[PDB]
Structure formats: C-alpha cells, structure tokens
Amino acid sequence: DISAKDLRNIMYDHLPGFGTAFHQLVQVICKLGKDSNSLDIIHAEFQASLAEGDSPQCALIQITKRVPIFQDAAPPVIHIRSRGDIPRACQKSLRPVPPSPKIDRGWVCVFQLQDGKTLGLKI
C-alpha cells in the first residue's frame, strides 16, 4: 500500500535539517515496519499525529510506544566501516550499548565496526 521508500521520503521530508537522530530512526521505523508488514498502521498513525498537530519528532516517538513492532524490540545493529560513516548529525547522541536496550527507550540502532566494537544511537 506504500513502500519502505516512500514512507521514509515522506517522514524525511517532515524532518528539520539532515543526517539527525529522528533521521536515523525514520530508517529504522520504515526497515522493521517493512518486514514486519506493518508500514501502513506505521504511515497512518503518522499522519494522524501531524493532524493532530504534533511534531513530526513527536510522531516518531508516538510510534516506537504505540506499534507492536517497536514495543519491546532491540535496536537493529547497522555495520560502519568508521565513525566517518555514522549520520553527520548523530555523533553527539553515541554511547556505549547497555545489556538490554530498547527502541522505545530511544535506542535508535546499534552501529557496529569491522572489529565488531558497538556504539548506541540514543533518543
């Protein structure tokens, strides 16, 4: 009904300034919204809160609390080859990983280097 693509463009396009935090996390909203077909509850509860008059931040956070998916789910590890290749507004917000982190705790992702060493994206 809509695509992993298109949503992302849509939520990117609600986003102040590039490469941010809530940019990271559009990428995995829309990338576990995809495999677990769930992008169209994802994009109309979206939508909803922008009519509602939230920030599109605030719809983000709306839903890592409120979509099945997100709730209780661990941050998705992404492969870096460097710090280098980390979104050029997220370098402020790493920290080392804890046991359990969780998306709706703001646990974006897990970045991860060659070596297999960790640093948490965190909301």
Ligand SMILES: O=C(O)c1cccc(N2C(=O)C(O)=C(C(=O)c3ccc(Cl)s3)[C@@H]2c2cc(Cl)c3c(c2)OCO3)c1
The other form holds:
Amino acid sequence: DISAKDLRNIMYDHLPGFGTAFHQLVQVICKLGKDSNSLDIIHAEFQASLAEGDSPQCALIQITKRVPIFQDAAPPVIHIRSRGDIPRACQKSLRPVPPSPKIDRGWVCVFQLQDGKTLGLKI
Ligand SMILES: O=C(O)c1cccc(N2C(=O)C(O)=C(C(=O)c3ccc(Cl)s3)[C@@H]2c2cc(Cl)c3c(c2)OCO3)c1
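Can I have the other form now, the form deposited with this ligand bound, not the form solved without this ligand?
Next comes the full complex, this chain leading.
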C-alpha cells in the first residue's frame, strides 16, 4: 500500500517552489492521513481533482474539505525550536493563532516554539 512518504513525494511532484505553505499542508495531510489509515482515499481524491482539471493547490485544499478526517478539525501542533526551523517560503504565511483555528478554513498547522511562542500557518 501507499505510504505517507510515498504520498508526500507524489504530492510534492506536483507543487512549484520548495518549503512553501502547500508543502507543509502536504506534510499535515500525510501525517493525519497516516494516523487515520486514510492515505488511500486522500490519494484518490487528490488524483480525481487533478483529473477534473484543478490545480494541485486546489486539489490539496479540496482534500481538507472533502475527506472527513479534516472536516471541522483543528490543526495539529508541531513542536519546534524557533521560527528559523520553519522553511523560508513559509515565513510570510505565519500568523498569530486565532481562537478556533480549523484546517478546512486554511489553518495548516500550529508551530509551538520552545520559548512559548505559537504561530499558525495560514493558507
Ligand atoms: O512520523 C510520521 O509518520 C510522519 C508522517 C508524515 C509527516 C511527518 N512529519 C515529519 O517527519 C516532519 O518533519 C513533519 C513536519 O511537518 C515538520 C517538522 C518540523 C517542521 Cl518546521 S515541519 C511531519 C509532521 C507533520 C505533523 Cl502534522 C506532525 C508532526 C510531524 O508531528 C506532530 O504533528 C511524520
């Protein structure tokens, strides 16, 4: 069966740039997908969206809206040392964390920094 790493690579193969907010959204989709044994339906939705003519970016957002593990779900917390550990291409997408961030509203993840700071990654 397809693994989280396989699916990450497949999705990466469709994205422009490196270390962008969409690359992180791929990471989150694969990790949450792995943890809920849903990598197959996620891959199926991804390919179906591309097949309909959607951009790969739109296909990733549609996964957050169509695959039920993401619906009304909070973004995962990812512990990191400092803001510098986040890829350069994501930096301008980092925001203060709103009261009830939701993945299907574009809040990809929340970075929990060592010194207590928290930053949400927004699309
Ligand atoms: O361990 C796994 O099975 C697995 C599956 C998919 C993705 C990942 N993740 C990584 O290996 C990894 O480095 C991940 C990552 O996105 C980042 C780490 C540091 C910065 Cl900055 S971003 C990623 C991962 C994604 C999510 Cl949603 C996580 C996570 C790691 O830990 C808790 O929530 C792990």
